[PDB]
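Once you have looked at the hints, place chains D, A, Y and S on chain H.
Letter by letter, the chains look like this.
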Amino acid sequence: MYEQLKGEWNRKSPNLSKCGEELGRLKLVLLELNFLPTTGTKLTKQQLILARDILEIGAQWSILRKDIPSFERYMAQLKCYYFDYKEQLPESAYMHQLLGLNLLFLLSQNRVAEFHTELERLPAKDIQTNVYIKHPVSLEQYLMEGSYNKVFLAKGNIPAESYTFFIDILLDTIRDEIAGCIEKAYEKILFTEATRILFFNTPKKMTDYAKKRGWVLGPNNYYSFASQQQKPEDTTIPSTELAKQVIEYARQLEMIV
Amino acid sequence: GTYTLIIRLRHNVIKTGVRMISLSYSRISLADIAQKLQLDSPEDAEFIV
Amino acid sequence: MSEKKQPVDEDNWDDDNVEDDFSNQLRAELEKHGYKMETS
Amino acid sequence: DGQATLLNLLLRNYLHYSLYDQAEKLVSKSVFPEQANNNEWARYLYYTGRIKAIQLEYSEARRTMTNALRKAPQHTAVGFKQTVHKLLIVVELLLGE
Amino acid sequence: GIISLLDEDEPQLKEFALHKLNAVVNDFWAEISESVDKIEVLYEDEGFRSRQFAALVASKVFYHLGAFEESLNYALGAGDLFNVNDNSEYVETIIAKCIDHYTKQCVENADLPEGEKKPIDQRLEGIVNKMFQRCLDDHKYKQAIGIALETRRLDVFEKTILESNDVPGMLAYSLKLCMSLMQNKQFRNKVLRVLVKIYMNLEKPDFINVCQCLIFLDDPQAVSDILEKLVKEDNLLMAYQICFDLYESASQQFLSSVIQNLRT
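Residue numbers (the numbering used here), protein chains in the order written: chain H, -5 to 251; chain D, 18 to 66; chain A, 304 to 343; chain Y, 24 to 120; chain S, 70 to 333.
Just so you know, the hints here were simulated from the structure itself, not pulled from any lab data. It cannot be assumed that every hint is accurate.
Claimed, not checked - Cβ-to-Cβ under 10 Å is the rule here; a few derived chain H residues that face chain S:
| # | residue |
| --- | --- |
| 1 | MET(-5) |
| 2 | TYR(-4) |
| 3 | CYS13 |
| 4 | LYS21 |
| 5 | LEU24 |
| 6 | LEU25 |
| 7 | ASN28 |
| 8 | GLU66 |
| 9 | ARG67 |
| 10 | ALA70 |
| 11 | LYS73 |
| 12 | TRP209 |
Stated by the list, open to error - List time: in silico DSBU-like cross-link candidates among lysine-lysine, alpha-carbon distance up to 30 Å:
| # | chain 1 | residue 1 | chain 2 | residue 2 |
| --- | --- | --- | --- | --- |
| 13 | Y | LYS48 | A | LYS307 |
| 14 | Y | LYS52 | S | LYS107 |
| 15 | H | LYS178 | D | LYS32 |
| 16 | H | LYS225 | D | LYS32 |
| 17 | Y | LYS109 | A | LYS307 |
| 18 | Y | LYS48 | H | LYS80 |
| 19 | H | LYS128 | D | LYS53 |
| 20 | Y | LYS104 | A | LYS307 |
| 21 | S | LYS89 | Y | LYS52 |
| 22 | H | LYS73 | S | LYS211 |
| 23 | D | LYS32 | H | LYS119 |
| 24 | D | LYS53 | H | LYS149 |
| 25 | Y | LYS109 | D | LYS32 |
| 26 | A | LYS335 | D | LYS53 |
| 27 | S | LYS107 | H | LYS21 |
| 28 | D | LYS32 | H | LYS182 |
C-beta atoms are modelled at their ideal positions from N, C-alpha and C, and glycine is treated no differently.
Chain H with its partners taken away, still in its complex shape:
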């Protein structure tokens, strides 16, 4: 039945010399039958259930190797396979932990319109069930407001699987966020408070941020350059823009249109 695969898929072969035979093996799937969704011959599922499971495990170790541009090729074709209305598995032990895995990497991608455009397929699975997909949407929901500590509780409080590559992008894209949150109008913060707001005791990461931005290393001191002074008192820019707008009034007032 041209299988060739069923020996080293579950035991770890992380970027070994299985993967090229796997890719040209998928080329051998292409020579056999197109991944066009096979509208007729519903009894022939071996091109769909088996080869799709091949394509989702091939999606799965792509984050293990950290191959980001191919990962959305795999996962995109998977979503194009669950695009089919043909009676298949409704889900598996993977469909939540892969579709919402795409929702979690896509969330790390900082593309929120795509984050919400992907939610138009799993309704009731939002709150009333499917806690493993309730977890990323409540997570990013907590990223919407100033929920930080609960987000770093979720960080770790993952129930589904590793998600490590995603929560490290999430570990950063909030590192620059706190690294901006020091920059608001605060008092002299000692070397303990903002030292412990993230997750550090005393490395030189406070020297990485304290020399990256201000709030400079001082006598138990973070310096406040809350200036915000220069930008007001502009009449001339209104004396040009309003000089445009008043003429624009005079055009559609006397000149016949």
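The following block gives chains D, A, Y and S in isolation, referenced to the frame of chain H:
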């Protein structure tokens, strides 16, 4: 089917809260505002504000 | 005219703004004051 | 008139379903059907209003939700005017006003 | 979704992708409508076995999106796979651009043909004269008389004087059809002078057209040449309407200029 848009309103509710209290009180402790907003945690009530 | 297909199927406003601030805030103030005479 | 009907009629299950035609409807030329007779032209603004509703209202489409409401006739509200009367200030609740 | 496998760098999955670009080019046509345009990447690539089919489907997707010149250029460079069919609602799309840009370029080429002329992409005129042969072979010549004007090419109009249609009124009345809607003198005089010599090389040389054209044409010696053919031919009954329409419609400067060629 509006539920996926209804679910995100908590952001707007807490904007209404911080605009309301920030307009009403001038010098207010953060150890009061999470208690009035039933947020259960002052330590990130620093962070929402 | 007005074909309008089916995909689905004062006296009122100042009272509604009293309902806006005051939809349900203590309703019948009559004894709370007399319950704060001894506490306050 | 084929520019008119064949785009809402294109839309009505894409909204109901989940096709990508919303940015298709951004790059579409026929976003104008040019004075489509206050029925297709009227409801068309609503059908493109729920587009940016599911693609994150940035106060852009409350004017065209309002426009779709004010272009509707004297029929009833339970046809669709209940629904635009709902979503029209759903999105204003997303704003804050 | 099949657009995702355009990073293979094996020149068979591009071919497997363009297996799926002609039949399903209406549903996720909308998907790859603006998002990915890597047609010109493989099209300008050294990777062959693609660049042939890809400018066809680029000439499909860029057509409807207002890029009529983009689908026109990839329509030109698309190849034999492009023009192999004329059995759709698409040959109508490509001739309405290619004949259009052809002849509106050929008005500028009717101004300055000498230098900076057209780099024809070998079918930019090939379907002009090819679809012209379709108009000849489809028995219609009230249109084949028309596009022969529209191309601003003289000798193919001279070619259509001898065709599957015969010459009773054709290429004689066509001139009554051309004198009315005739635009300027610059395109008029060349066609006018090129037709009336084969009117003399016709079986029975008409005289009112060669008098009328030449007073429309200012050639005060050729009417003395065919007038000398009527002196040598020796019949003043047919040396008559060539001469009194000449006196009736000609001017004093034209007759006082033609009198030198007539007395000599």
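Now for the hints, and whether the structure bears them out:
no.: 1; hint: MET(-5); in the structure: 22 Å, violated
no.: 2; hint: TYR(-4); in the structure: 18 Å, violated
no.: 3; hint: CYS13; in the structure: 14 Å, violated
no.: 4; hint: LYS21; in the structure: 7 Å, holds
no.: 5; hint: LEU24; in the structure: 6 Å, holds
no.: 6; hint: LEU25; in the structure: 9 Å, holds
no.: 7; hint: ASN28; in the structure: 7 Å, holds
no.: 8; hint: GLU66; in the structure: 7 Å, holds
no.: 9; hint: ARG67; in the structure: 4 Å, holds
no.: 10; hint: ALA70; in the structure: 5 Å, holds
no.: 11; hint: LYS73; in the structure: 7 Å, holds
no.: 12; hint: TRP209; in the structure: 43 Å, violated
no.: 13; hint: Y:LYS48 with A:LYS307; in the structure: 24 Å, holds
no.: 14; hint: Y:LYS52 with S:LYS107; in the structure: 22 Å, holds
no.: 15; hint: H:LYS178 with D:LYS32; in the structure: 19 Å, holds
no.: 16; hint: H:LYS225 with D:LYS32; in the structure: 27 Å, holds
no.: 17; hint: Y:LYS109 with A:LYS307; in the structure: 18 Å, holds
no.: 18; hint: Y:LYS48 with H:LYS80; in the structure: 28 Å, holds
no.: 19; hint: H:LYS128 with D:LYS53; in the structure: 28 Å, holds
no.: 20; hint: Y:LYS104 with A:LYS307; in the structure: 10 Å, holds
no.: 21; hint: S:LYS89 with Y:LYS52; in the structure: 25 Å, holds
no.: 22; hint: H:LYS73 with S:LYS211; in the structure: 57 Å, violated
no.: 23; hint: D:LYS32 with H:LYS119; in the structure: 28 Å, holds
no.: 24; hint: D:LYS53 with H:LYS149; in the structure: 28 Å, holds
no.: 25; hint: Y:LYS109 with D:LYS32; in the structure: 22 Å, holds
no.: 26; hint: A:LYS335 with D:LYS53; in the structure: 21 Å, holds
no.: 27; hint: S:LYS107 with H:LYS21; in the structure: 21 Å, holds
no.: 28; hint: D:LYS32 with H:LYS182; in the structure: 28 Å, holds
Violated hints, listed in ascending order, are 1, 2, 3, 12 and 22; each of the other numbered hints is respected by the structure.
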